[PDB]
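Given the coordinates of chain L, work out where chain B should sit on it, guided by the hints.
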Amino acid sequence: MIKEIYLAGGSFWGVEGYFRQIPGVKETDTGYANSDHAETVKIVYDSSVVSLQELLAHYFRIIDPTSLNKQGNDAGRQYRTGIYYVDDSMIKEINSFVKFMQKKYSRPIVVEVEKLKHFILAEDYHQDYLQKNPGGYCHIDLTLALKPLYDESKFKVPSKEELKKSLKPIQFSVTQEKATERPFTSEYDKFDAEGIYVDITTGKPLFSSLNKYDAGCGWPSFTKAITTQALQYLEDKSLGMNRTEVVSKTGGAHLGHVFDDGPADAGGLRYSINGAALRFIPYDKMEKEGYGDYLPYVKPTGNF
Amino acid sequence: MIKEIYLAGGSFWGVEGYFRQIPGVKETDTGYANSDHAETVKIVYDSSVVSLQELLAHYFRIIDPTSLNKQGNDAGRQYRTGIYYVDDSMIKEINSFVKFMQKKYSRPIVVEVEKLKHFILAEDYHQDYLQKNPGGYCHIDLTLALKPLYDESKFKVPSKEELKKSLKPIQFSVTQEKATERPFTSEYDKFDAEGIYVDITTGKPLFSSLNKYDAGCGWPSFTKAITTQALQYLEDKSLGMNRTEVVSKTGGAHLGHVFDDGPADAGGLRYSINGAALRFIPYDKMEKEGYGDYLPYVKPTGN
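For the record, the sequence lines run as chains L and B. Numbering (UniProt numbering) for the first sequence: 1 to 34, 48 to 317. Numbering (UniProt numbering) for the second sequence: 1 to 34, 48 to 316.
Treat the hints with care, since some could be wrong.
Unchecked claim - As a list, the in silico BS3-like pairs of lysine-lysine whose alpha-carbon atoms are at most 27 Å apart:
#  : chain 1 : residue 1 : chain 2 : residue 2
1  : L       : 26        : B       : 26
2  : B       : 26        : L       : 145
3  : B       : 312       : L       : 26
4  : B       : 128       : L       : 203
5  : B       : 203       : L       : 130
6  : L       : 203       : B       : 130
7  : L       : 130       : B       : 26
8  : B       : 128       : L       : 105
9  : B       : 203       : L       : 312
10 : L       : 250       : L       : 112
11 : L       : 26        : B       : 128
12 : B       : 173       : B       : 191
13 : B       : 250       : L       : 145
14 : B       : 128       : L       : 130
15 : B       : 116       : B       : 83
16 : L       : 128       : B       : 26
17 : B       : 145       : L       : 26
Stated by the list, open to error - If the Cβ cut is set under 10 Å, some of the chain B residues that face chain L in the computed set are:
#  : residue
18 : 25
19 : 27
20 : 129
21 : 272
22 : 273
23 : 277
24 : 281
Everything labelled a hint here was simulated from the structure, so no lab data went into it. Beta carbons: idealized from backbone N, C-alpha and C, even for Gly.
So that you can see chain L by itself, here it is in the shape it has in the complex:
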């Protein structure tokens, strides 16, 4: 579904410049929200591509959530940090994520969470400012939007030969030879436990149990990727058809195919992925195995 969220993180020039580079974002607008108005960027996005969880993850990545009325050298009430909603269904998701982020800070997070009550659209001069004036001021490092959102230092790919002895034949065949496991053979087919599905070759998270559903086609099926940085798409005319191949962006390993016959309310996308290409990690064991940053993708309104 198309959704919208309002984020105030300092000078909206950099904030818009960052989020405009993120997949799933369909429209950005700079303005003044909630006199002493905060500089805010309106974010219109497709939840089937990028989740609210990832958007808030990006948001906290480019701000100091412990700083009051000041981001970088820009000080004042117009630079206060805040997350403003127009959709009341987002309230528990937003609150849970802030509580989630608090666990990473000794100092109390001062990002305000309020219902958007006014949003005054800025002049065309301020709209796509850094696009019109590339030499413009920008505290945020815009190149970060094209860089990993999470620590991927541990998700490096082994060579061809390590994988051949480490993986089972079906695992190597699927990931390294674009093979396809036979339907209903994977343990992850009829499976609904809470947790994340990880790249069996690199350990990088690819899918969440929250997006998993029964397509009845015999393969693990998902409505979306866990992040916008997980997958890459390739034209595939194999077997005399026209299909899109799904591959790990980091790994490069073959995962499966993505179709357009998924549940329409979830975006209409069906990610058909071989179970052999995935390693399931239970929610309870996620934090201990180093996947603490991916908890909100499993439980958007989870207890933190």
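What follows is chain B alone, placed relative to chain L:
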């Protein structure tokens, strides 16, 4: 807020060609919805500009809601009429509007209302087909999108001199001389009855009571126009400020100004309109006075 609705009304080439011309529509996509799929167009729109009511009004305008599995010369299950939702909050509005339209047809309406279950995006060939291929087939008259949605024959404009005898001085001043009534002086300021507000010079509907709220600035305030065909906007550098002037599209009469400090949940627009420029018509008398087509704009549910 940005919202989306799915409409199946025959060959999606014409359906998309029509709705792409309607203000508030931000994105259109042709595809196959709910094997036996119906030809459907995905409509992404801004509810602050165009309401679901107007969109459904346009939809019924370009289709035969009594015809089963056939629109024009296109026959088959892929041409069946239907309205598909992904937002459950729209269900009662859609159902109410279909019941509303039934009163205009002797034969039963066969347009199906279902929750969207699948939507398969059509190839780029079928996307903006009539835009790429202007000689393409199209049952719908696309010029209708640039023509009045409702009968505007009774909304004729008098010349200045008739209005000079018909209107009160303050009504003439506001509408014909761009004057501004003093704050809190209009009866429509503190006013909350259900109905529509029409152009005092033409009788054409401009605003709905459902979109009315108290801005506390002393003037009748609205979050949006009743239709996309009601208002026209003009740059106004009056009084050394930067403002947008609101004028009747049909009349041309001055109504007021539109600001961006409105309630954000309603779209963030504040339409500040002089009460002197408006004539209020109660919901109970709307149908009797010939405004039966504008009922869903007041009461989206219940019809």
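So, going through the hints one by one against the coordinates:
1. Annotation: proposed proximity of residue 26/L to residue 26/B holds, straight-line Cα distance about 10 Å (limit 27 Å).
2. Only pairs whose Cα atoms come within 27 Å are accepted, and residue 26/B paired with residue 145/L is accepted, the gap being roughly 23 Å.
3. Annotation: proposed proximity of residue 312/B to residue 26/L is violated, straight-line Cα distance about 32 Å (limit 27 Å).
4. Taken as a hint, the residue 128/B and residue 203/L pair is honoured in the structure, with Cα atoms around 26 Å apart against an allowance of 27 Å.
5. For the given pair, residue 203/B sits about 22 Å from residue 130/L by alpha-carbon distance, which is consistent with the 27 Å threshold.
6. Taking the CA atoms of residue 203/L and residue 130/B, the gap is about 22 Å. The hint holds against a cut of 27 Å.
7. For the proposed pair residue 130/L and residue 26/B, the alpha carbon gap of about 23 Å is at most 27 Å, so the pair holds.
8. Proximity of residue 128/B to residue 105/L is assessed by CA-CA distance (about 26 Å); at most 27 Å being required, the pair is judged to hold.
9. Between the alpha carbons of residue 203/B and residue 312/L the distance comes to roughly 47 Å, so the proposed pair goes past 27 Å and is violated.
10. Between residue 250/L and residue 112/L the CA atoms are separated by roughly 46 Å; this puts the pair beyond 27 Å, and the hint is violated.
11. Note on residue 26/L and residue 128/B: the hinted pairing holds, with a Cα-Cα distance of about 24 Å set against a maximum of 27 Å.
12. Only pairs whose Cα atoms come within 27 Å are accepted, and residue 173/B paired with residue 191/B is accepted, the gap being roughly 14 Å.
13. Restraint check for residue 250/B and residue 145/L: satisfied, since their Cα atoms lie roughly 26 Å apart, inside the 27 Å limit.
14. Restraint check for residue 128/B and residue 130/L: the C-alpha separation of about 31 Å exceeds 27 Å, so the hint is violated.
15. Taking the CA atoms of residue 116/B and residue 83/B, the gap is about 22 Å. The hint holds against a cut of 27 Å.
16. Of the supplied pair hints, the one linking residue 128/L and residue 26/B holds, its CA atoms being roughly 25 Å apart against a limit of 27 Å.
17. Taking the CA atoms of residue 145/B and residue 26/L, the gap is near 23 Å; set against the 27 Å cutoff, the hint holds.
18. Interface hint status for residue 25/B: violated, as the beta-carbon distance to the closest one in chain L is roughly 13 Å, over 10 Å.
19. Nearest Cβ of chain L to the Cβ of residue 27/B: about 8 Å, under the 10 Å cut. The hint holds.
20. Hint on residue 129/B holds. Least Cβ distance to chain L is approximately 4 Å, under the 10 Å limit.
21. The criterion of a C-beta within 10 Å of any C-beta in chain L is met by residue 272/B, whose closest approach is roughly 9 Å, and the hint holds.
22. Because the closest C-beta pair between residue 273/B and chain L is about 5 Å apart, less than 10 Å, the hint holds.
23. Contact between residue 277/B and chain L, as hinted, is supported at the beta carbon level, the nearest pair being about 4 Å apart and thus within 10 Å.
24. For residue 281/B, the interface hint holds, since its Cβ comes within 10 Å of a Cβ in chain L; the closest pair sits about 5 Å apart.
In the structure shown, a violation is registered for the earlier hints numbered 3, 9, 10, 14 and 18, in ascending order.
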